[PDB]
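Just one chain follows, in the form deposited in one PDB entry, and it is written as structure tokens.
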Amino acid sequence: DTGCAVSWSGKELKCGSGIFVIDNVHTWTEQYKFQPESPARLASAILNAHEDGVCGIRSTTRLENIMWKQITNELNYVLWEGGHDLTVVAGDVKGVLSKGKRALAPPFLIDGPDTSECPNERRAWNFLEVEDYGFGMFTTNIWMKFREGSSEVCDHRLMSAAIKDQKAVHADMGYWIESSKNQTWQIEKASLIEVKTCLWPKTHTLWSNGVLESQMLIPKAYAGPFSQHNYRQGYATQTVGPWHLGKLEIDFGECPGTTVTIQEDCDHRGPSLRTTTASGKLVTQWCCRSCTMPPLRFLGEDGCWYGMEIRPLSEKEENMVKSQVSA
């Protein structure tokens, strides 16, 4: 990568050759697009998979559900060409991109809700692999292929990680986790356009030694890096965080029109709650036992949430908005 870039402070301009890790969540251009292996090959894979007894697939990335929705009509036309008694529908997914326990062997509900006629316990998932990139400036494709065997680790050809001076980052096409040092290394921001379930490979992780699986702010089950940069002092793993929203924004600030204070006689740690009631009233009193300020805050689409270690003070959690993931 040969080019120039101004520093974060904006007082120097440096040119040379190296590795340039670019934010792909804020693309500055058109979003990437996946390309299938072959039109007929995917049809044969679907045929022999449904012969093997699978009722569809689950998308691992939000850039693959788009491809499936694009090519479902052509695939169904190819199916009807051979007189096959099978139908494929490309649904939509909002929230966590749930994990399927099956795969797609090389040579039928796609995505959608938690249908009881096709449980996730036998639906294919995480069977693609990048093999080429291409060219272009305002638009670039991605050519995908099949995976040879079982793997629950996210594809590493779309990921990145870098550190320089006092600022690290763990980036892929749907995640952007930022870290910085102010007397200690801790996470400061995290922009999530999707919620995955595959594992972050340890070959693309900084500071991967001596990490407890309970200290990671982003849980290991939600493609959180196995790093000590994925850590905030005074908090624990947000297993029951508002991960059902889909798009999230992890920030350490204050939700508008609300105050948080530190009290020793506070409630314990449990499911996360929203700063608004079931009807639309605003709660303005919260407290934590041992948290550090500013408090953890998930800026969702429907409102503004807090972490698992923060509890309301002028409201009762019996009648509030509470996270729906393993409550």
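Between two forms, the rigid core is the largest collection of C-alphas that superpose within 1.5 Å. Positions refer to the first chain, counted from 1. First, how it differs from the form deposited in another entry.
- No residue in 38, 27, 290, 44 other than 27 shows a CA shift of 2 angstroms or more between the two forms after fitting the rigid core.
- When two forms of a protein are overlaid on their rigid core, residues whose CA moves 2 Å or more are considered shifted, and residue 12 is one of them between the two forms.
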Second form
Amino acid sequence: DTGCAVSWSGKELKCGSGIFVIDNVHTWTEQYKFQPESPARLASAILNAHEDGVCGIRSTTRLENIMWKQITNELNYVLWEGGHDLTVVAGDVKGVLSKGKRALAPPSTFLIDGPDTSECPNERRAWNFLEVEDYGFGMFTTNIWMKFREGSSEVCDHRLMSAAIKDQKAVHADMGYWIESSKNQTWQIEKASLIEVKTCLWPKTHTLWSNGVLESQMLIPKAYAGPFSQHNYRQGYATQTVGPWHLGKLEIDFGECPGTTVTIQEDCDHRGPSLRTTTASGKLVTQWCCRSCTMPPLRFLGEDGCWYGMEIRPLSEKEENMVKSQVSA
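Could you drop in the structure for the form deposited in another entry? We only have the form deposited in one PDB entry so far.
Nothing else is written out below except the one chain.
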């Protein structure tokens, strides 16, 4: 990586060569774009899946849904000019990028993404069947060429991932993940910006300090592409398995949501699904408590409000008439 960067304290310009790990979620200008391989190959793969009995596909990344939406008309043209009665419908991403149990091999209605339905579940939908072939060119926005995978795997594509550590600051980056960490008497996670919630597994070749990791202590659960590292850990908290993951984009941070107070009281209820501060009628709950936390509290900053972690419980409301996370069990 030829080039160099200035420090965060104004002017400490170190210049040389090495490996650069750069934030991608917090950008105004798009920096990466997905490009398919050929309209002819994708149409043949879709027809082969239709013969096999595949209803549709489930996008793995929010940058892949755009790529699938951008070629729907061309796929429809190719399918129509073949004597085949088939229609490809491009949906939109809403909630968790759920995983299917099917894949697409290299060469009615075919529904792509879309809201979860019962006519054809994710049981027979194709998921995680693209691999990065190489990187293209472009002054500011570089494009990425995709290819069909050889087989099937639950591990995310490792050609789009990063991980770095320097002095007392680590990071586990991705195209839609940015998980930070720091050291203050302990190595623990401090913030995590997510523009999506995927499901494939984080590979262990791109993780820092991935030994002795206990699966029940990972703040971002392994089922939601959380790194299998000890930097993915916060003291006093366990895995947030029933958090507000249905929101889609999240902003994990440590602090207090505006207008509320959290106190450590042993006379508190056990862990349960994450609750929103504002009631469904707009009323705010301003008194919360938790058993054995570590201040400051853990909050998720979604689009519809500020949530709390799985261990913090209210003291003002009965929790019967409060909106909770939609993650089932």
